[PDB]
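Enquirer: With chain K held as given, fit chains P and N onto it using these hints.
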Amino acid sequence: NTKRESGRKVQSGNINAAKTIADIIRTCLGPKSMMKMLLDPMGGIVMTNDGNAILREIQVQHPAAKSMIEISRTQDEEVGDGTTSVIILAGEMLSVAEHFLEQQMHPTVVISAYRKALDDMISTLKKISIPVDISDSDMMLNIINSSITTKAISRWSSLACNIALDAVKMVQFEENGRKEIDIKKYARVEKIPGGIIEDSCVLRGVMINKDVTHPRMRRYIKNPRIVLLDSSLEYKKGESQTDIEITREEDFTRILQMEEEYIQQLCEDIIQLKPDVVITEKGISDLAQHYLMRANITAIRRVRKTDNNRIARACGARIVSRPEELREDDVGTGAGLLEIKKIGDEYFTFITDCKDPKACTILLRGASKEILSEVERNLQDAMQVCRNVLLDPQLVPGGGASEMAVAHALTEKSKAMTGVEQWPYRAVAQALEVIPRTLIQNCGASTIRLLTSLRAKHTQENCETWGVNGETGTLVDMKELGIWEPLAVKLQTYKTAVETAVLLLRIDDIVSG
Amino acid sequence: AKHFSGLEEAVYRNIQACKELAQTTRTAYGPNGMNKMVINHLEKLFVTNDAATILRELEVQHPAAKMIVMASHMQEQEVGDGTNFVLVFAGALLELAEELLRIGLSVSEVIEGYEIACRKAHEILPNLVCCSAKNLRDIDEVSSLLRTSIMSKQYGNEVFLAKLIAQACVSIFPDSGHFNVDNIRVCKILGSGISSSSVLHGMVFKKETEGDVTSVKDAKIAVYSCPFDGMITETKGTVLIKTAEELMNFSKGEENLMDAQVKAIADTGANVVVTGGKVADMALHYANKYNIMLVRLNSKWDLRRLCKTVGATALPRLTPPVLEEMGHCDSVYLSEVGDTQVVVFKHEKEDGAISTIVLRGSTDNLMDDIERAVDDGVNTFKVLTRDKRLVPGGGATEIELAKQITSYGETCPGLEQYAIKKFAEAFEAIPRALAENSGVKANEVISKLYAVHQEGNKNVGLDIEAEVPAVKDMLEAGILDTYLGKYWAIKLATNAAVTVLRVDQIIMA
Amino acid sequence: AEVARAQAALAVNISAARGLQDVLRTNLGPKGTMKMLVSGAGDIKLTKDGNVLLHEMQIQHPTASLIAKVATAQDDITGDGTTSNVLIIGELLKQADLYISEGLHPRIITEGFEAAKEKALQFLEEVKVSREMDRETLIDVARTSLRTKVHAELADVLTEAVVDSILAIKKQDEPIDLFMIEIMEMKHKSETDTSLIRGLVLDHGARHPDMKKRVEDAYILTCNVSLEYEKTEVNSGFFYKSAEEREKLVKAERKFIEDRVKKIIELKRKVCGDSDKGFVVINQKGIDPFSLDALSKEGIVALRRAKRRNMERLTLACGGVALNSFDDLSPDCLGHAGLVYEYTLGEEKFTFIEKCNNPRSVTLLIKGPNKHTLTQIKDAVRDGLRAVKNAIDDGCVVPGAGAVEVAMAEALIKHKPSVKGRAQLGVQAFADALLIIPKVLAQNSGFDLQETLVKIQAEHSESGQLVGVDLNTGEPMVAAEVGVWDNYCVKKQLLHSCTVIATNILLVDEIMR
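Residue numbers (the authors' numbering), protein chains in the order written: chain K, 13 to 525; chain P, 19 to 527; chain N, 11 to 523.
Hints were generated in silico from the structure; no laboratory data involved.
Check each hint, because a few of them may be wrong.
Claimed, not checked - Below are the EDC-like pairs computed for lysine to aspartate or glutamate, each with C-alpha atoms no more than 16 Å apart in a straight line:
{"no.": "1", "chain 1": "N", "residue 1": "258", "chain 2": "P", "residue 2": "156"}
{"no.": "2", "chain 1": "P", "residue 1": "84", "chain 2": "N", "residue 2": "53"}
{"no.": "3", "chain 1": "P", "residue 1": "254", "chain 2": "N", "residue 2": "238"}
{"no.": "4", "chain 1": "N", "residue 1": "265", "chain 2": "N", "residue 2": "238"}
{"no.": "5", "chain 1": "N", "residue 1": "381", "chain 2": "N", "residue 2": "195"}
{"no.": "6", "chain 1": "N", "residue 1": "430", "chain 2": "K", "residue 2": "511"}
{"no.": "7", "chain 1": "P", "residue 1": "254", "chain 2": "N", "residue 2": "257"}
{"no.": "8", "chain 1": "K", "residue 1": "31", "chain 2": "N", "residue 2": "66"}
{"no.": "9", "chain 1": "K", "residue 1": "128", "chain 2": "K", "residue 2": "511"}
{"no.": "10", "chain 1": "P", "residue 1": "20", "chain 2": "N", "residue 2": "238"}
{"no.": "11", "chain 1": "P", "residue 1": "254", "chain 2": "N", "residue 2": "255"}
{"no.": "12", "chain 1": "N", "residue 1": "180", "chain 2": "N", "residue 2": "144"}
{"no.": "13", "chain 1": "N", "residue 1": "261", "chain 2": "P", "residue 2": "252"}
{"no.": "14", "chain 1": "P", "residue 1": "20", "chain 2": "N", "residue 2": "53"}
Isolated chain K (complex conformation):
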């Protein structure tokens, strides 16, 4: 309707949410790890190192709290992790500068500061980003188990990283998009219930769990050939329209029978032609696929073009109307293996597909069905490191001095870059030093003076590579600490965070409706 709002009132409510968002997770983030509990209206506890959980589960505070879960999922998609980082970084960067600078009163000179610190981030990152080799799955393994240990898991760090190493390489887009930026669709993650890591097979390709649902279907055939419709399924999907009588019990049934009988004869047209796979993208019927499974023809049914398309190239299956009808072939082998591997009686067909676009659905195994999810998450952010290190072998040592690594270089440029912008630049110079100091405040001692000594150690000795240990609070080498921080993650979390701050800096009025 007719409405207007003002400035700091709308600006502080940002921080009011943004701060609380930033709060408990910074004790949860890093080696120091805490539970963010929610009391349900239902009365239940929900205990997380993740904010989005407790956030989503509860009343949404409109300006800030609605903004960050988005940029969280923005960030959660980017490298796979760092929602916690973005949401705390922004609110952090949104706090001390603003009112200070907004009592000095200006949006814009603050805005340019977001970039410069984000730029002062970039350079000294990629300056102090330590190249770690992808030629070594080791120099991936050292950094890949490093980012699977982020909070609570040193356990699945061993297995899930193993699965992630060459998978990321094996992960491909279908453009030959490389594969360093690779997504978790082309990395695809499906945890397979039951089994164990001893049962774990390394699937660097995709599992098609549609492939073998029953032993009747083709199994342990090196590479399939997927015949898509068009001839081997001739075209009648219909029915002969027999009469109906509400009196008889049988007349309701016989009409539905005549609908499936034609695909039954389409799947019969398949038997003689003898594919090993028939992909039916329109699909088949219930009694029809029995006919399919007669000839040892596995049916991939009601499946999209692209699942087949990727799998076809992945599984090395041609694309044809009919084995006696020739446009020739798509691919005979994209897959150096076809594995049909079952836990329970449902066959999960795991087909390792070399550098294929595929899904790269990578077989992961927990000690049970449930902890597979964390393994997957341990496998996800393990791919994060790989895709990071495949992207940039440069990444930064960590344990938190990376967050200082910008912070004091800012202090120098506040005195160097200057202008009146130094004041935003100096006011944003402060934001990056609370987070490690919080890890060290979780340690206590003097988390303050240590950080000043770190701030010394920053310019004195090392900005990040020789850092502070988060669970300790001593001067440490973040390389020798062995905690490695992906370079791109820094490029992501900070960037993503400054923007919602610029965002919630930009909007001083929110009308409802």
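Expert: Frame of chain K; chains P and N shown alone:
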């Protein structure tokens, strides 16, 4: 039940149980009680000096009382008196320990003092057992034997009931030596006097009894809840109200319908056809014309009564009774039972196991009072079948144990010392439950009973000689308890109170 | 919505933790009492079992969540330590809270707990000795096991029947009993009693004079889909709908009866001779009076109402096979019970299938006239067996009754952790949390807890004499002496759930609402 807390149940709910439990004995227990009006969800005045009844007549608002209420009931089960005991005695147990708390004595500690003493009691108990008397064919020995139990639970006539109540249980099984939990099903009939109450046996239907006696000697019945109102599954009883002509016509068919009915029962044979259901006119007069005995409007009770004695099953369907469904009695006959004419069956040589004492009076409370009393007599009969042991009436018996129990407590010490001597106090409340029911003080009595000093004939009963507290010889008085009943009495009361002593307060989700 | 922050977020947690925990100290050891929890059923539950009252009815708390979590497994793992698992953390917390009350990190105070539990688990591993599967050796444990679970006289009265149950094991591998638990319940004239029977017993039988009392050669026909049908393994339909239909339905039943009893009697005729050998059909529904009589004159022992679970242990005891029909059958499927007996105690007819080919089972007939009795005296059985089985299931056992308690506390030497006071403080609340076991026992009696406890240390501060609170008198004893001994599963496992949940407290630094 209780979200409540704060050390409540122990210091608090336990005595309130005793509150609820007291005066339901202490003025209700003795040679007599003193009436307690009760109005159930069935709204009528119920005078109960019987522990079991008034308890169940009240509805437990405690977890506390909820436990020991059964300890008094199980006594009526196990004994037939000493139920008011559990009210007072177990009520007199824990309120002692209420001090021990403020004395600073724990629960698990002082229980032991109460725990070991029931044994010491059960060990003292055989001592003061005074002679014994058993003849299951004695009405006289059992009359005075049923006295003590009816006394506590009856303000009505003690002796003439003892003559009636020790009649039936002795009379229904003349042999006895085998006695049924229910060996007497009294036929409660209002009218005349409580003295007109008499002793008959077998089964009685006070219910409407019709047709005619064609055999007073032979009693054969198919017990039925089936209506002869036109309920039969042989043919289809179908009443047609759609037109008045239809109503008149089925009544004509009803004659031959009832000809398919009370015929079919006496086809298997029958005299009374026991009808828990209804009988319409053309059916009634037919069975009157068929000259079968129809006892009509039989309720489930007389069924449940009669269903057990003959071994036949009340059928809501009308069929010719199978061997299982046709009952026989010794004799079925119309006699005024307490001088009111109703049919009275006979089961004695039938194997008996049901006596019908007509319970009478000009009000139900007369018929209900003895109803409270007679079962105690029915009860102590089996208590007699179990032990012949006579231990004298209440209030003489307790002082002898207590004095020892006190000196036992003297030999007890360790912090349960007086916790035993507390148990020694739970004794004197029983003669006090007589003295309070009488209106004088047991301290005097206790003074006297330890003045006279001997223990087990010395007690005051409910008396007008109780103006001044005046001791009588319980064994001699014709007030005759037994070892078991006391041994039962002490047990549950010692059982239920020490475990509700072990309770904590209730946490609730 | 509402966020609880910092020490406010801490308070109600530790507040609802320790206080409700403090509610429960009437118990835990024979000097403990029963505790009354009336559930929504109006049921009177007077219990010394900690595992019990948690889930039944507990004042609403978010803290009521994790407590129900841990002590569940405590009854699951051991069966005891559950009444124990309550009183550890509050002590630990009340002591630990100080350091936080003194402004020290739940983080660092966590880390002394974890560090200290080792040397006690070590101490547990150290202070234990192998306490052999000998029943008498288990008695002393079963004596004491039920004590920490329930009242002595109840802990005692079961100890007879208890170890006998675990004595009949086949070298079964379980820490607990499954089949050794056959719960028969009778309304009794003795509140606490239990009739211990070897092997399975059937809930109800069918007695007939011609029906053989004790059948030494018993070919067991398990039976189902009863006489109301005619040679059918499927239960057919009935018409009781109309008063006329009820009449015409039940007459044919005789013939349906006649078939099966016939099929029964001639099944005896095959295998048993005519009456020459004893025989048992077990009709797990009612037995119709004809066949009740007609099988009885046959020589068959026809059993009314065995449960489907009675059915389960049935054919294993006799080593035979179950049948859902009454009908002529391969003799192998008839199970041979070296004893089939039927015992009628009061109303209930207890079939004794004895000389069980698998004595995997024994039978406990639970007694009481009263529910709460019948309720509770069953309860002690169920936990204690599980507990006591650990004494046989583990040849190793470890002293109860406080003997070991003051030892690790003395041996802990809290200054020996010198690193910060991360460990050195968290070990302090630890030796405190250790001694709550003697505390409540020394507590519940006269004196104090300490007043006796301080003896126990100073007593065992004379080292090598393992002294603890005499279970009932709240005063010193050496628990190794009498054999009063808590399971190797009791004491070893207990610290685990204790350390983790109090840590879970410390890892929750925030609870949103």
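Enquirer: Decide, hint by hint, whether the structure agrees.
Expert: Structure-based check of all given hints:
| no. | hint | result |
| --- | --- | --- |
| 1 | N:258 x P:156 | violated (53 Å) |
| 2 | P:84 x N:53 | holds (10 Å) |
| 3 | P:254 x N:238 | violated (25 Å) |
| 4 | N:265 x N:238 | holds (8 Å) |
| 5 | N:381 x N:195 | holds (10 Å) |
| 6 | N:430 x K:511 | violated (41 Å) |
| 7 | P:254 x N:257 | holds (11 Å) |
| 8 | K:31 x N:66 | violated (40 Å) |
| 9 | K:128 x K:511 | holds (13 Å) |
| 10 | P:20 x N:238 | violated (49 Å) |
| 11 | P:254 x N:255 | holds (11 Å) |
| 12 | N:180 x N:144 | holds (15 Å) |
| 13 | N:261 x P:252 | holds (13 Å) |
| 14 | P:20 x N:53 | holds (11 Å) |
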